[PDB]
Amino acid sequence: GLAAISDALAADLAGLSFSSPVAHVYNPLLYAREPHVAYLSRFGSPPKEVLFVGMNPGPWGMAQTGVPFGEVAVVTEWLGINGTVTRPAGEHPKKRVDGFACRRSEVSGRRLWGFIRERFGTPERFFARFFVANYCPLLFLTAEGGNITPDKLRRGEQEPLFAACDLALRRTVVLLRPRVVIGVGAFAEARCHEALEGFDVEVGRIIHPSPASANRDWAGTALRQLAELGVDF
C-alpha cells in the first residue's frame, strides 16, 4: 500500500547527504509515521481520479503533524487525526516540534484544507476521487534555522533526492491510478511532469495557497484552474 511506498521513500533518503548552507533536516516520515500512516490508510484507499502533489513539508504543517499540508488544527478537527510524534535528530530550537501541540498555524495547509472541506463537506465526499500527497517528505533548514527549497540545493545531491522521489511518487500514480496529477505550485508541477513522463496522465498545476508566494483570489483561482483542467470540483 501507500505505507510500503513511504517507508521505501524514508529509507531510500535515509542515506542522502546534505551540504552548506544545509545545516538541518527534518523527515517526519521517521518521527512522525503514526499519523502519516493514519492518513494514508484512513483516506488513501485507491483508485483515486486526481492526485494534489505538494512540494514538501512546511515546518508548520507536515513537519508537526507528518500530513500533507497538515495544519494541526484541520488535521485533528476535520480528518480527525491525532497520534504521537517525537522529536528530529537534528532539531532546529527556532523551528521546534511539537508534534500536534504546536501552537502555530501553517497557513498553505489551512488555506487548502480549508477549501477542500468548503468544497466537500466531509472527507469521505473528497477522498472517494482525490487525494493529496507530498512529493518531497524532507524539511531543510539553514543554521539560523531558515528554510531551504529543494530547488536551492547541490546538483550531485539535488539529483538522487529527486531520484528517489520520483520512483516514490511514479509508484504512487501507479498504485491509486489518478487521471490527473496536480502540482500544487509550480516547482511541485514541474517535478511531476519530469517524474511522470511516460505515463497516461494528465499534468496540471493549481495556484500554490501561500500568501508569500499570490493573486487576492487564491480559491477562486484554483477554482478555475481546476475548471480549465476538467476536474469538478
The other form holds:
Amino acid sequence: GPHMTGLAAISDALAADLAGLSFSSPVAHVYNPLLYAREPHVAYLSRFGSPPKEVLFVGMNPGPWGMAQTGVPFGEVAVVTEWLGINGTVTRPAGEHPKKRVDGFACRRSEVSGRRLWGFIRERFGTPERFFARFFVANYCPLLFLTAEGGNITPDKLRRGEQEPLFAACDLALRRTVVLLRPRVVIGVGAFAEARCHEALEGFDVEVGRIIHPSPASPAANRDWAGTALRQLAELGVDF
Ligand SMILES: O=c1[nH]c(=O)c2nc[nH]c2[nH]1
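Okay, that was the form deposited without xanthine (XAN). Show me the form solved in complex with xanthine (XAN) next.
Next comes the full complex, and the chain you just saw is listed first.
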C-alpha cells in the first residue's frame, strides 16, 4: 500500500477507510471531525506531530464537546485555543443532531476530560514544544456515534459486525502512526484504548501501558487524576 509520509496522510487514509463503513441502529448519526474540522486537525498534526516521539498517548474516541468541536484529541476549546494556538474553520457534520451541535471554536461547553489532561500536561511541561518534543496524543477512533435521540454510543457497544471493520481500519491507522513516530511506549488512556493498543500493536517493538482516564466517571480521577496518572507513568518507566 501507499507510503505514509506523515500523520496527515495517515488521517486522510483513515477517513477514506471509514467512509466505506456502514453503521445501523442503534447508531443513527456518525460524526467525522477528520472531515469537518480538517484545518484545525491538520494544524495539530503538523505543528505538534513531527516524528520521532518517545511516547504516544491513545484515547478512545471524541467527546462531543472536545475533539468533535475542535478536531484535536481531548480538545477542550479553551486549551486548544489558548495553549496550542489553534482556532480554525469547523463546519457542521451531515445530519448533525440538535442535542450535539458542532459550534466549533464558538462552543461554550468545557470538556472536563480534556481540560484535565491538557491542563496537567501544561502544568508538567509549560510549553507545547517541551511536551511534543517527546510525546504525542491521538485517538484510536476519530468518529463520534449517536443514537437517534442524540445519546453517545462508545465504540465497544457497536454490534460485532460493524465493530470489526471499524477496528480493522483504526488498527491499521494506529500501526501506521507507530511506524512513523517510532515511540518506545504507547499508553492507552482508559481500558478500552489500552486493549486496542495491545491488539493492534502486538509484535511491534513497543511497550503498551495504561493510565487512568480523566473523566469524572472514575472516582480516582476526581480525587487526584494527575497524581494517579503520574504514578502509573512512573511504574511504566515514563518521564513526565
Ligand atoms: O479525544 C478524546 N478521546 C477520548 O478518549 C476522550 N475521552 C474523553 N474526551 C476525549 N477525547
